[PDB]
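K.L.:
Given only the sequences and the hints, what does the whole structure look like? Please build it.
4 protein chains.
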Amino acid sequence: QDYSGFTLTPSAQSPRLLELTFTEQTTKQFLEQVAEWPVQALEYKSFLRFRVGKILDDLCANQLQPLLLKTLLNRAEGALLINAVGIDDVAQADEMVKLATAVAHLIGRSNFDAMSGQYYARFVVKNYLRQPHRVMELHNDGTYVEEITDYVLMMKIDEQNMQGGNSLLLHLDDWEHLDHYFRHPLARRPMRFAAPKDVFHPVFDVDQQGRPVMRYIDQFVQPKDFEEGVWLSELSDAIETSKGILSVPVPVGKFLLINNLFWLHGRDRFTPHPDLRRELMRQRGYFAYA
Amino acid sequence: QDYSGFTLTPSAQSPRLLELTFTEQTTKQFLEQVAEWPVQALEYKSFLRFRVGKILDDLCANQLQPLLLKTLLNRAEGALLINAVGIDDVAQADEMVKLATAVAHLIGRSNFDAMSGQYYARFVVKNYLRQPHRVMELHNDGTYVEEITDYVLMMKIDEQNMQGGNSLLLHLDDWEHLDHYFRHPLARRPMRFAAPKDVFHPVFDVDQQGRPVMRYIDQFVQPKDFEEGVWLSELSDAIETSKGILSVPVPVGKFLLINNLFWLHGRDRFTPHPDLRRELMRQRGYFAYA
Amino acid sequence: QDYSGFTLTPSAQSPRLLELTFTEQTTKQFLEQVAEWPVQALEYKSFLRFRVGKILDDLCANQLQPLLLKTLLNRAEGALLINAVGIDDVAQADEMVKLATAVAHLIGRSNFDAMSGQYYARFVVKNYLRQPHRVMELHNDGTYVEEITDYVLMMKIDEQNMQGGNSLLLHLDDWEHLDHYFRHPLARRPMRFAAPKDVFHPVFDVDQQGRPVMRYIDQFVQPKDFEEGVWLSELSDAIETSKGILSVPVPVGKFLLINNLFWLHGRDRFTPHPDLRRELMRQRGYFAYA
Amino acid sequence: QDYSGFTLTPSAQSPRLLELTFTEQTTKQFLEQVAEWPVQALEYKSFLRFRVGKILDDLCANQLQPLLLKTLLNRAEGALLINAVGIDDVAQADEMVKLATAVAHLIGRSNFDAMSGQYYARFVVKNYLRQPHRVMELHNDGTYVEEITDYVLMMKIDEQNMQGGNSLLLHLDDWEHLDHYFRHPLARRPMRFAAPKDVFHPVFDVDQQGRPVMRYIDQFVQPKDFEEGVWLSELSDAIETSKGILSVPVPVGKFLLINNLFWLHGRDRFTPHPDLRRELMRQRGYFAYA
Ligand SMILES: [Fe+2]
Ligand SMILES: [Fe+2]
Ligand SMILES: [Fe+2]
Ligand SMILES: [Fe+2]
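Chains as they are written, first to last, in full-length UniProt numbering: chain A, 16 to 142, 149 to 217, 224 to 317; chain B, 16 to 142, 149 to 217, 224 to 317; chain C, 16 to 142, 149 to 217, 224 to 317; chain D, 16 to 142, 149 to 217, 224 to 317.
Hints were generated in silico from the structure; no laboratory data involved.
You may find that some hints are simply not true.
Heads up, the list lumps identical chains together, so a pair's fine if it works in one copy or across two of them.
[Said to hold, decoys possible] SDA-like cross-link-like pairs, simulated, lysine to any residue; straight-line CA separation at most 20 Å:
no.	residue 1	residue 2
1	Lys-69	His-300
2	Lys-251	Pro-81
3	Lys-224	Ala-129
4	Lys-251	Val-233
5	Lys-224	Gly-132
P.N.:
This is the structure we're talking about:
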């Protein structure tokens, strides 16, 4: 398939993860057509988040939106690494926020983020949970609020003096222990989840066709007793040692966009360096389509 | 396996349907040990329904109850035809009610039946829905009340001048159109069900492992529009013409006991005869096990 | 416009009331294709009401359903007189119920009727509210239940020795006093309505575009005081003396199908005759369309 | 004061009870102007109850309605005996229902009556609670339903071979034991009232100015214990032996209309006679005024 305005190819890590790259021409026209709205105008007026999405999609002859949706909702796939030729440097952070906003608002809506007070959040890492030699464990987002998070978007804004730190991904259908954990008696028992109002939901559920989906994070699940706590500790080990995990470099200017129901994500350890600098932007939300 | 007090063999119709026959000795001892409780005492005091179950199970060295449960809950099976050597005539109707009560109360509890005002009901057929030349369509029981019916028990009390009229059975896993109907967009949409307070639930759902189960009856489903109504009418035809349907003679003194979640049941047409007489007893309820 | 399977022409009474007549060929094929479902099967299985609708629509090359909907929802129209060549005698009552059922279930669903215990009701008139010399006052149906009745269907099944008795119709946009009553302070005040649980709603409301619609009947409105009661009594007189009222003979085998939000209906007086016989069928329900 | 269409004079029993008599001319014009509505039309269409009220009031140059309201709401009065010259015989029962309906619907609305299924009820007495030698104890109406009854209307339709049976009345401000019972600790304690859903309210309350009002009947009050029951039994005796009670003959064609908050009513004993005949009509409701 030859698409209008972008190309599409499988990643080096997995055929489940597709790489979508906007052509230089699409990128220039996009930036020109959204220059009248600074990032602040997107912050203030949520309708402009959808408008910039429409602008990008029209520049791709209305082929982008159905491709995004089909890829993210397809159980066999459900993940994209996305970039635009010519947006690849920390000095273009505003342009990166604009691009990611447009893509996200073609498939749904980005929820309010408590860490920033906006629909997206940016974080800066320089040199117990912020240990460089520790892996951030695989998890799903949104486990401690009532409404389901359908997607997670993570964009690399900057990277300096950085060895390691790849994003880690696990698709449930590549996880060799899924069948063992999904069939356990505890799998579909509602458990308490709390951040530091509590919600109750199981670790596993099923999609419309009956296939397993997952809502799990070690930090926010609150086992009520020994039985639950021992089972969860083993679950954790069975995720973290999986042979199906992907290790994905996210270069500056690219972002991962993944279906949060059947992908888990995390982050690899990295080398400490006095002049290390890593900057990320995230957006999480719900799918909505006509 | 040689069981104590009963034998067990697959039916002529399907390996999914097992035939359990209590030996003559078990039958005589059972009747002796429950003779102090007439059927009326079972009607009045629901604990005696469980007591007579315990009596039958003890006579089978406590092998009956786990066999019943495992067979009814096993997706590959989930149906029994049950009888007792020496109970085979309409004059022993009381003994038949006692036997069926004991078996049912080993796996759960029989619900109140509006047609009789008791935990079981008996009906007598002699010569538009009571047409002999019409098939009673395949359906699940309990579709129009809030709590799920897990089992259906149908016992033949009497049969005279009767050609045809077999019980019809369809296990979902023998139904060739299951995949087509379970994946349709309407399959898991809650629909209104009413008898002649309304409840809302879908036609299809899933068991704990994600496999399809069904709660359907043509008469009590109330489609809200053309879309729903046309789809249900086709569903009906796809059930009634299935090649997977079993045709099971139920002789006097035997009863079918089936898992109402993944078996549908109905009844075949029969020949009119001036001196026809058919008498049935039913019991429906929920599973409960330690 | 030449339609496939039916013709369509304005009535002698008003361009707002269109007459739709199924051709003889459509009628014969329709009756052949629904002969396997007697009226009782429609009573028992509500999905078959939609199926017979689909059968009629397919015979009209799928032109009937969009024509019905557009006519009934069009403010300038909203009423049909409908018949089928060859169905015109009391001996074909079953065929008349089948036809009217098919048409109704193409535009929505007919609600349960307390007078019959079915989705339609038939009534037989032979020789204070059943006085022949009295007009049945113009009204809307469904005024004393919570959910809105969108349509009313009234079919003449039989008529013998009958002088007068036409159906009376008033479209709000032909009512010369609408503006006076819709602007009164009482027009949009919720009032109590009860049949002989009470509901509360105003006599007037507005459609989506802001135009007046009405939910009124003299018998079931319960004014709470002198002010309300005097105003309603004048409203009544202003309806009953309107110059915009239509007088429509409904011959045997025809039925009126009207939008109950902006049409009121009633019935004219008639001559007593020892051997008078009039038989009607009604169906009332809600619109539903994809 | 000379009123238009009626005269007004204090009763022989008490200055608190005024007698209002419609003149012969007002009566004839009233009957002429309401002849198009039989009593059945009033039953069917509650707005006509208010319309006939308007007709009577207009014939009294709009002086009747404010006189009715002021008299019934005035604490010093609150009771009327009402009649119309020329309506005085059982053969004019329909005219009596029309008159009483008009008066009542000028001051409020008559509630549904369970004994008749209509807004008024008629009863016929001929020769333990229906003993002739027993007094019907003084009480307030409406004590066992949630909403307050503000007025009681009792009209004599017929009387034959009748000695005694006067209506008994007690205004709270003529009751010598009021102060003793109103100040008791139990006076304002909510008690259970039930007819043969229960409501809870005290025996005494206060009007807007802080003056005592009463909601009491011996038959429907349900004391919860010895304390309540003994106090109520003494209350009863203190009402029934009061020196303030009025004894009012109600002749055929007249009706009492009383404020049910500060008047109690009952009925005196009477002589048995083989050919006794007494016929009453009642209406009870709430006040409503602009
Ligand atoms: Fe995360
Ligand atoms: Fe059944
Ligand atoms: Fe009507
Ligand atoms: Fe009373």
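K.L.:
Now look at each hint and say whether the structure bears it out.
P.N.:
Hint check:
{"no.": "1", "hint": "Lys-69 <-> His-300", "verdict": "neither (42 Å within a copy, 38 Å between copies)"}
{"no.": "2", "hint": "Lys-251 <-> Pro-81", "verdict": "between (43 Å within a copy, 18 Å between copies)"}
{"no.": "3", "hint": "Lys-224 <-> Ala-129", "verdict": "both (15 Å within a copy, 15 Å between copies)"}
{"no.": "4", "hint": "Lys-251 <-> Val-233", "verdict": "neither (23 Å within a copy, 25 Å between copies)"}
{"no.": "5", "hint": "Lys-224 <-> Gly-132", "verdict": "both (19 Å within a copy, 15 Å between copies)"}
Violated hints, in rising order: 1 and 4; the structure is consistent with all others.
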